[PDB]
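Engineer: What follows is the residue order along each chain.
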Amino acid sequence: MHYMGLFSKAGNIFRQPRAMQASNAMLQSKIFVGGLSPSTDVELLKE
Amino acid sequence: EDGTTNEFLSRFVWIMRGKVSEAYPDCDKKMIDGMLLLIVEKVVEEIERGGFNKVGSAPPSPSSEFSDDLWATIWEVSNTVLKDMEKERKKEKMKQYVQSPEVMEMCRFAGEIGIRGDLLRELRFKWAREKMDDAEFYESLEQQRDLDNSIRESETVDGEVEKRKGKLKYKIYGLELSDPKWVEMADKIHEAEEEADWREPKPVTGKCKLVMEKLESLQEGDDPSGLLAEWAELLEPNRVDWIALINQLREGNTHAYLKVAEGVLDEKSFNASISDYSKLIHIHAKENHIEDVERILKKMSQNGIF
Amino acid sequence: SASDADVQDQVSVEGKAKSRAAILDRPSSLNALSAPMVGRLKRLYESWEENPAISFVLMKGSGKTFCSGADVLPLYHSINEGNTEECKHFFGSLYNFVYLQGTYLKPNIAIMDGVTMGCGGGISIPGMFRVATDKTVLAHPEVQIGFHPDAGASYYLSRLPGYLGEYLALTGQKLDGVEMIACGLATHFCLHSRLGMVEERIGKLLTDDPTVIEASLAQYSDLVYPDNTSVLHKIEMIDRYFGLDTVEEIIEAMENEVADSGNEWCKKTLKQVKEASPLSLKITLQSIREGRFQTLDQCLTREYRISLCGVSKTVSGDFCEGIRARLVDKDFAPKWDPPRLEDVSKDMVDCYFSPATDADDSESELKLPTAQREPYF
Amino acid sequence: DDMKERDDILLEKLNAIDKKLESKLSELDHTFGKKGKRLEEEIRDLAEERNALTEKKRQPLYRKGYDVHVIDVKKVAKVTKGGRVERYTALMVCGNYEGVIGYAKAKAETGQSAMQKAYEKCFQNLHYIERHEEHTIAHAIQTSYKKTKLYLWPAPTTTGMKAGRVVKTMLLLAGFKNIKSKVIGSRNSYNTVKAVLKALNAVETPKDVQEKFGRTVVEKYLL
Amino acid sequence: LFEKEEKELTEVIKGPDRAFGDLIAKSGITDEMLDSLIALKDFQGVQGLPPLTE
Amino acid sequence: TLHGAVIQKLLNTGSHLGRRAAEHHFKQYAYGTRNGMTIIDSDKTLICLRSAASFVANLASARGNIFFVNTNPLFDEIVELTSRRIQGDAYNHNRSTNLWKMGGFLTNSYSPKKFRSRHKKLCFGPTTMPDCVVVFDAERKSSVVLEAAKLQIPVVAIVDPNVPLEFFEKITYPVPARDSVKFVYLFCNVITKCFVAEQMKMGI
Amino acid sequence: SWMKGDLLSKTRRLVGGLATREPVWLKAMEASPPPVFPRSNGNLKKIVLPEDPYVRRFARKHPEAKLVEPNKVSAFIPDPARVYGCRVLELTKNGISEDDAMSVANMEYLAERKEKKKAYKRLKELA
Amino acid sequence: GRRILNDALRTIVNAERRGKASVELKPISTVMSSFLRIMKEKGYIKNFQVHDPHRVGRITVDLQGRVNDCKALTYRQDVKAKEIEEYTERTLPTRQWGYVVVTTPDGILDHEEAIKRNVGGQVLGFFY
Ligand SMILES: [Mg+2]
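Chains as they are written, first to last, in the authors' numbering: chain k, 1 to 28, 36 to 54; chain i, 93 to 254, 273 to 416; chain f, 33 to 409; chain D, 295 to 517; chain H, 213 to 266; chain A, 2 to 205; chain U, 2 to 128; chain G, 2 to 129.
There could be a bad hint or two in this list.
In silico negatives: residues of chain A with every beta carbon more than 10 Å from chain k [said to hold, decoys possible]:
#: 1; residue: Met-38
#: 2; residue: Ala-91
#: 3; residue: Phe-116
List of simulated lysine-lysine pairs, PhoX-like, C-alpha gap at most 20 Å [unchecked claim]:
#: 4; chain 1: H; residue 1: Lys-226; chain 2: U; residue 2: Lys-115
#: 5; chain 1: U; residue 1: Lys-47; chain 2: k; residue 2: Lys-9
#: 6; chain 1: A; residue 1: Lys-102; chain 2: H; residue 2: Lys-253
#: 7; chain 1: i; residue 1: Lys-121; chain 2: f; residue 2: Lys-378
#: 8; chain 1: D; residue 1: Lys-313; chain 2: A; residue 2: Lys-115
#: 9; chain 1: H; residue 1: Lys-226; chain 2: U; residue 2: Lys-67
#: 10; chain 1: D; residue 1: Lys-401; chain 2: D; residue 2: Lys-351
#: 11; chain 1: D; residue 1: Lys-313; chain 2: A; residue 2: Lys-114
#: 12; chain 1: f; residue 1: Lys-206; chain 2: f; residue 2: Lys-138
#: 13; chain 1: i; residue 1: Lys-312; chain 2: i; residue 2: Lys-378
#: 14; chain 1: U; residue 1: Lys-115; chain 2: A; residue 2: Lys-183
#: 15; chain 1: D; residue 1: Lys-401; chain 2: D; residue 2: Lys-411
#: 16; chain 1: i; residue 1: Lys-378; chain 2: i; residue 2: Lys-396
#: 17; chain 1: f; residue 1: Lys-236; chain 2: i; residue 2: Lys-185
#: 18; chain 1: i; residue 1: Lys-275; chain 2: f; residue 2: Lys-266
#: 19; chain 1: D; residue 1: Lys-298; chain 2: D; residue 2: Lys-351
#: 20; chain 1: i; residue 1: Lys-291; chain 2: i; residue 2: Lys-277
#: 21; chain 1: f; residue 1: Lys-138; chain 2: i; residue 2: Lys-218
These are calculated hints, taken from the structure and not from any lab test. By construction, the Cβ of each residue, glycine as well, lies at the ideal position given by its N, Cα and C atoms.
Just need the whole structure built from these sequences, with the hints factored in.
Structural biologist: Printed below as a string of structure tokens:
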């Protein structure tokens with residue numbers, strides 16, 4: 001195969017899109040407990 | 093219509109020159125050319141006075157400038173042109189009417205039955221022939237209708253009121287690129303492909319194979335100018351072809367490798383940039399040729415680059 | 033049998049769902065045809081036409097060469113041992129195969145992935161579909177060997193636009209795939225690296241409609257335009273310098289131009305013309321300027337007449353001379369029986385185009401089953 | 295040719311009703327009050343009319359020349375707090391003696407209505423089976439569906455069909471004439487029907503071998 | 213502005229264009245022609261969709 | 002070559018950047034793996050695009066009915082304009098925005114409907130069975146592929162690198178790409194231009 | 002059903018035997034068949050460039066450097082690391098020691114940074 | 002030889018069902034190469050190449066999706082020239098498609114050629 005291997009010898013065409021980079025930043036041990044995160048979700052996030 | 097008139101004339105000028113060269117063998121080519129000019133004037137006069145139908149109906153009385161046998165030859169030659177034209181058109185119509193889909197499904201049923209070989213070919217040709225016959229009856233009726241409508245309209249509106275050819279027209283896959291913006295797009299695509307080092311070397315086919323087989327057999331001190339001009343006449347090298355020869359000669363012979371680059375140091379088709387100067391000074395700093403380093407610096411500073 | 037095992041390996045057959053492909057497998061002589069190869073291909077193509085269970089057929093070459101032409105060294109040795117029947121049987125078989133390809137009743141597809149010379153284009157270029165790769169090279173160096181562009185090459189070269197057929201046949205100028213598809217010889221173009229895609233997309237079509245086959249080939253093909261260095265851009269020079277009657281007008285007008293305004297293209301055309309045998313040039317020019325107005329069978333008939341005259345040594349030994357000096361001695365300096373071109377008159381070039389069937393010998397005329405095939409090309 | 299125009303007039307009435315319904319639904323958003331209520335009632339009446347028209351396009355059709363046979367009628371029961379709820383299921387097959395075969399299964403409350411429902415749906419799942427010279431299969435075939443293993447063998451032209459009730463009825467309706475068969479394992483009738491349809495479709499014809507391998511497949515007596 | 217433009221173009225250069233392979237930028241082929249090259253059919257007198265900015 | 006320019010237009014649309022961990026049936030379209038992505042081959046994207054566009058255009062001579070299904074809010078207007086141009090006066094905005102939510106809207110297209118309230122608006126089924134279904138569902142919110150496979154209808158849809166085998170095997174015309182806004186516009190533009198060019202050949 | 006084959010072949014086999022009526026889409030599917038592509042051995046090759054090791058440190062070198070994507074540019078204008086790697090590939094291309102090539106690329110990158118800075122200073126001067 | 006022969010044949014079938022393109026077999030044998038040559042002649046594999054056959058062999062085979070099952074017998078089975086057809090009618094599952102490959106004094110043949118040559122031997126296996 002020819003053309004894609006040509007165009008790899010060009011500018012930076014392997015750039016992550018905004019959605020994928022935003023999910024990477026969304027992801028970046037264990038978690039908060041249920042009785043703690045439920046208290047946070049009971050106080051806040053009602054807006 | 094322009095095609096068949098031009099092809100009638102093109103066949104006619106081919107055959108009547110050979111008939112005149114024998115009818116009047118003492119006549120030289122200039123008198124033949126004059127007679128051909130007069131005959132081609134009067135045959136198009138014949139077809140404007142009465143069309144192609146009069147040319148195949150009955151021989152008329154000739155003019156006084158030529159004898160009767162010359163007009164007899166003109167008649168026979170025109171008829172043998174007419175038969176050739178009609179035969180070529182009949183064969184090209186049978187060509188598509190063989191593979192028209194109705195005949196295709198008839199032959200498909202025949203092959204599923206078991207009729208195979210010469211009988212299948214014979215029946216296919218008969219069915220194509222019947223398709224051609226029905227098409228020609230339909231076109232006869234269509235032309236009669238068209239002519240009657242034209243003459244009816246003409247009577248009503250009268251009663252109501254008071273050699274050389276050459277051209278390229280690019281067409282690929284049934285798509286026309288005949289506009290000059292397409293050749294401009296092609297130019298601006300090919301130059302960028304050249305620029306980005308994405309062009310490929312030409313295949314080394316035929317005589318050029320033994321030339322590089324000789325270039326890998328070149329000796330120390332041999333002047334490669336004659337073989338280099340021979341190769342530049344054969345394969346018309348660009349920058350990519352040049353560097354491909356350079357890179358294959360790097361494995362072919364190292365002393366012949368050092369000869370060629372030196373020889374080329376100034377060619378525009380090589381597109382000598384700064385990288386070639388740097389590689390050629392570093393390889394001779396490696397190979398310990400200080401005078402050759404001075405020579406390449408001289409031919410570098412000659413072009414105003416310091 | 034047990035005697036045919038070499039020819040079975042020389043012409044390999046590949047089977048697909050509804051198609052059969054003949055593959056030329058001669059790496060020693062670069063796919064140069066022989067009489068067994070042409071006879072086997074004729075039998076295979078006749079059976080594939082006769083079979084209703086096969087929808088289209090294909091022709092491929094293996095290696096870096098599609099077909100370099102025919103075997104002339106075997107004909108040279110056969111002439112040197114005295115007889116001519118082997119050459120006669122070879123020529124009639126090859127021209128019959130070309131006629132069958134030109135009047136073939138099914139789609140035929142010819143792949144060109146390399147060099148093509150001589151009858152290697154005559155066996156393919158009358159086909160219904162021609163696919164050219166980037167490595168494809170098409171050339172006609174018969175005038176350097178002393179022969180004429182036989183095997184129907186006087187048909188598709190004569191039907192090129194302009195005087196390009198005269199230019200290519202006389203000068204032996206090579207062509208590219210883009211130039212072939214510009215001239216109209218090649219129907220489709222595709223790269224070398226993308227060949228396995230197209231060669232199996234065609235492999236698993238279960239259709240017989242030429243529109244479907246053409247659209248599949250176009251969809252899997254490539255999009256190209258000729259460059260500024262293409263031959264067709266100089267078609268006005270081709271018309272201006274190759275449009276006269278005799279070869280002497282052409283060479284003298286070109287010499288006058290190259291002397292006056294020093295155009296390098298006329299110099300390279302001079303170098304191309306001067307190598308060839310001077311008897312063959314008039315034969316080839318008369319052949320193209322006659323076969324522009326004749327059909328495929330008539331072109332094959334007078335090509336066979338020229339061939340059977342030129343292998344009998346009626347007036348010259350240019351054929352054997354060029355073959356021996358370009359294949360056997362390899363000195364690259366052959367000496368022709370007319371050492372110049374002006375001494376060649378109308379008599380000996382009429383002796384090439386002569387109706388030798390009038391000499392009461394039917395075996396000197398090519399036979400063709402024209403009533404049974406009912407030809408249409 | 296009256297079927298086509300009978301469908302066409304229903305199509306035109308449906309298109310007109312759709313346009314009127316769209317026109318009223320466009321105005322319901324901006325209309326408030328008793329005018330909105332009367333538009334709601336008019337829309338409901340139009341919906342009733344369009345439901346009545348679209349019910350009429352459901353005319354089931356059978357095909358002439360086809361034969362339909364009953365393979366199985368069972369009485370199945372469901373337990374509720376008031377007793378046993380008993381229903382009926384029927385399994386039916388159909389075929390035209392020329393290679394087309396189909397089957398259906400249906401459940402109703404009565405033994406006649408179960409057969410009627412399966413008779414309606416018998417023509418919607420139809421397969422085509424390839425035969426060799428219109429009397430036998432191309433080669434022997436063995437296949438299994440769950441625990442029902444089925445073997446079929448071809449036979450010469452004056453042998454006859456050697457099969458049980460379900461397999462014999464299915465092959466007779468498909469159009470076979472000289473086949474020997476054997477059912478090994480469980481002999482559930484519904485699984486037997488499914489295993490027969492698996493075997494009859496797993497058979498490779500000589501044309502299929504020809505297409506798969508690109509060679510020529512020749513009968514041996516034509517050699 | 214003449215003094216502004218040349219000095220605004222020295223935050224550019226050492227390869228002002230770059231994009232060694234940007235065929236649309238280097239050439240001038242239009243989106244109608246590109247859509248004509250796709251699908252292998254001529255598109256004259258053919259009104260398709262409004263522009264994406266619209 | 003012009004082909005290298007067409008391919009970079011496809012690359013400019015952003016349709017060559019898939020997601021990680023492609024399935025087994027997608028490595029025949031894939032090219033490599035870089036920066037946590039599967040790179041789709043633009044050559045095969047173009048070939049699949051040409052096949053799909055040719056089929057959609059070739060339906061016009063046979064006078065077929067094409068059904069569009071879109072489940073993404075990002076491509077509302079492009080699919081709306083494409084469906085308005087192709088389907089013509091027989092276009093229903095309520096149906097084209099709400100009917101794909103109903104389960105069994107094709108296998109049961111003759112079931113009765115009832116008017117209740119403002120609701121999500123009332124829409125019946127199609128009177129005529131469609132001949133082709135063009136899908137823009139990547140989150141697989143609707144059962145349209147399953148119903149079309151049950152009812153033997155060709156499906157033109159754009160396939161992700163993480164498509165299941167069960168959904169993939171029922172798709173007749175796969176177009177391997179990432180459905181960005183530019184590529185969705187380009188796809189719909191090719192479809193609309195091909196269909197109207199076919200329509201003009203019959204004088205309409 | 003229990004037939005084998007894909008949509009076109011199954012439908013063709015069904016309509017040949019007079020089981021079903023011919024659907025409308027059959028002719029369009031025959032005129033434009035679906036695409037096919039050859040077998041792939043299930044293996045995806047990780048695409049790599051020769052400039053990759055020089056790109057690596059380039060985030061340590063000139064520490065963090067340019068970013069031309071948040072600054073949504075185009076997928077053709079190189080990104081600092083790419084131009085630095087191209088220079089050192091063609092630099093080292095000519096023999097030149099590896100570390101010396103890194104030094105002479107580092108010096109020209111920093112001279113470019115000074116040139117950019119004085120361009121911004123003259124921007125503020127004519128602002 | 003029987004263990005490695007059945008090993009390579011089951012590798013071939015297992016990789017056919019996954020829709021792959023090439024397989025690699027190691028260890029190899031001359032009997033295995035001749036068996037693969039018979040498969041190539043009958044059109045069940047496209048090509049096969051043998052690498053380093055006298056020190057450490059490896060065989061690369063290219064597949065196309067045409068073979069259903071390959072077996073190699075794990076026991077001794079004699080056959081005469083006049084028992085070949087009756088044995089073939091009971092060995093192949095379909096009794097029509099498939100070839101039984103036996104080894105003979107004349108070489109490693111299939112069952113149709115050995116009838117013509119009138120020579121029997123040991124049954125190696127079959128493919129269909
Ligand atoms: Mg039991």
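Engineer: Verify the proposed pairing of D/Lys-401 with D/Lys-411, using a straight-line Cα cut of 20 Å.
Structural biologist: The hint holds at about 8 Å.
Engineer: Taken at face value, is the distance from the CA of U/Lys-67 to the CA of H/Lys-226 at most 20 Å?
Structural biologist: 15 Å, holds
Engineer: Given the hint that f/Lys-206 pairs with f/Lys-138, test it: the Cα-Cα distance must not exceed 20 Å.
Structural biologist: 30 Å, violated
Engineer: Holds or violated: is the Cβ of A/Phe-116 farther than 10 Å from all Cβ atoms of chain k?
Structural biologist: At roughly 36 Å from the nearest Cβ of chain k, A/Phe-116 sits farther out than 10 Å, so the non-interface label holds.
Engineer: Holds or violated: is the Cβ of A/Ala-91 farther than 10 Å from all Cβ atoms of chain k?
Structural biologist: 36 Å, holds
Engineer: Can you confirm whether the C-alpha distance between i/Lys-121 and f/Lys-378 stays at or below 20 Å?
Structural biologist: Between i/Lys-121 and f/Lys-378 the Cα gap is close to 15 Å, so the pair holds against 20 Å.
Engineer: Is the straight-line distance between the alpha-carbon of i/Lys-291 and that of i/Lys-277 20 Å or less?
Structural biologist: Judged against 20 Å, a Cα distance of about 17 Å means the pair holds.
Engineer: Taking the minimum C-beta separation from A/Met-38 to chain k, is that value above 10 Å?
Structural biologist: 7 Å, violated
Engineer: Taking only the CA atoms, is the gap from f/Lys-138 to i/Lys-218 under or equal to 20 Å?
Structural biologist: 18 Å, holds
Engineer: Take a quick look at whether A/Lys-102 and H/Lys-253 sit within 20 Å of each other, Cα to Cα.
Structural biologist: Violated, at about 37 Å.
Engineer: Would you check the hint for i/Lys-312 and i/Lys-378, treating anything up to 20 Å between C-alpha atoms as holding?
Structural biologist: 19 Å, holds
Engineer: So if I understand the rule, the pair passes when the alpha-carbon distance is 20 Å or less; does i/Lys-275 with f/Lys-266 pass?
Structural biologist: 13 Å, holds
The structure does not agree with the numbered hints 1, 6, 10, 12, 14, 16, 17 stated previously, though it agrees with the rest.
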